[PDB]
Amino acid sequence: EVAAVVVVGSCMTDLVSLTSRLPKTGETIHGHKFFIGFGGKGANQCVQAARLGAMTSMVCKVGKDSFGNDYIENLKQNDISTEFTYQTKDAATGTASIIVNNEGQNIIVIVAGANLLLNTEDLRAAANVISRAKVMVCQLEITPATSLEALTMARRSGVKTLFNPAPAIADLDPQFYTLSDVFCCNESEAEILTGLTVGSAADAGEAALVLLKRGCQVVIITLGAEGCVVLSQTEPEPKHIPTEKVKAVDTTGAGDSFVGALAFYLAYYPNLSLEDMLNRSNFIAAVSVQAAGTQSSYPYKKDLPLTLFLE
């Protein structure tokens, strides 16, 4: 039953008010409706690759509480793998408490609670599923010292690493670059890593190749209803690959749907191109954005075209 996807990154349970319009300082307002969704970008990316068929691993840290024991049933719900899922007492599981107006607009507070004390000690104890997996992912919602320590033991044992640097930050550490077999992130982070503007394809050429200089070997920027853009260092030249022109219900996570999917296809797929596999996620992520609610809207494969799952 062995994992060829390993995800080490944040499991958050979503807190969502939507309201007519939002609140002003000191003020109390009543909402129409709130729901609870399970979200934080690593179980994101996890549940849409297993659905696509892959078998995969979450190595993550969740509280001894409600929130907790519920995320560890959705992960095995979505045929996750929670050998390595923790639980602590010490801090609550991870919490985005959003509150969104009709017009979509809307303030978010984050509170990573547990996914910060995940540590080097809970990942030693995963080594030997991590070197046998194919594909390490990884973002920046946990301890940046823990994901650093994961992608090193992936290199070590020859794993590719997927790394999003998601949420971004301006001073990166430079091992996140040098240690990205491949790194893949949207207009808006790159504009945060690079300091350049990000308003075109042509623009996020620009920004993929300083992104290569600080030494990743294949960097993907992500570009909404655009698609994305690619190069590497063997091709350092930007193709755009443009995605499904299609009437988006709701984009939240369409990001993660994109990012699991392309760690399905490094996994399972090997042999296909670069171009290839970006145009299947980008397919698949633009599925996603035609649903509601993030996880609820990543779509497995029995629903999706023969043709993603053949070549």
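Residue numbers count along the first chain shown, from 1. We call the rigid core whatever largest set of C-alpha positions still superposes within 1.5 Å between the two forms. Compared with the form deposited in another entry:
Only one candidate in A225, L116, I107, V111 has its Cα displaced by 2 Å or more between these two forms after core superposition: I107. Annotation: Cα of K302 displaced by less than 2 Å between these two forms, core superposition. Comparing the forms between these two forms, the C-alpha position of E275 differs by less than 2 angstroms, with the core used for superposition. In a rigid-core overlay of the protein, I29 has its C-alpha displaced by at least 2 Å between these two forms.
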Contents of the next structure:
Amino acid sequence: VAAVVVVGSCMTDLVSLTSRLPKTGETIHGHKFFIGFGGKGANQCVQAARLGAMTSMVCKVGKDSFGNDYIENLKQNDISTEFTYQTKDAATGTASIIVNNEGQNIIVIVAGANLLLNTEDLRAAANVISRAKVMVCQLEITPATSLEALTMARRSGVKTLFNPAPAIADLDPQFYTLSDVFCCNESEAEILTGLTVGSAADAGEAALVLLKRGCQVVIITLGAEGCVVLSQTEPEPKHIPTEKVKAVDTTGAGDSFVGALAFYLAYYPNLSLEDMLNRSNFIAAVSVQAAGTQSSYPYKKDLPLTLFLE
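Switch from the form deposited in one PDB entry to the form deposited in another entry and give that structure.
If you are looking for partners or other molecules, they are not here, because only the chain is given.
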């Protein structure tokens, strides 16, 4: 039985590495290009799977080469594709990513078949959703479809992990009240609250705003600074540091973090939040030490044993 069900996105990542970002009108040269398997949903599901979770990926890709390749990718990662659909009416989603090694990126998503995943497609997955431990959603599919997946999870007492990524300033208030765990990064927290986040302290203040919108637990990820967490029971923010490492490629680190979190909510439900986050930070930091997104996500066998004890 799948313990972690992800209802969300698969994208073909078209990645260019550059030393600067381009400005309007401008052509710049990068030094490398590669294709990867991406999408926040799938990335999260892949990390959870590699840690040993039994997972199911509920998603929609194209009846195109990239979509066929995506399905094979999911199978190679031991992820159930029972509810991975293909449509001839849109192409597999695409994420064009420019990664500037000398600062912030730019991403352009054409979500394609992701946006055709509908409430009828979820209904077929109703038995899987209700027998799971954790349901994970993001904002790369139609928001109404994520909302329904959260609602279905809540009705069966399944823990909801929501990642509001990429963030929308006017997010439906139900996303907060249907989230047991609400996890976003610094720039997303800014978009969602209108506040500036330049410090662990600032993140704590943004997290409290989100908490008061009805989340049970809020986590803001902070790159090399780890994360900050608070909850309804314990509303004082805690700053959990991460492993000090030399980052090669941080792309998708957040997804690694969230997939780890899903794994621990599902298989180690009695751990303190602070423990789970220490472990999830450790995992995500392993991902930043290598190139790519999914190809840098570690397997259980390569990770210290203490990450799997209780």
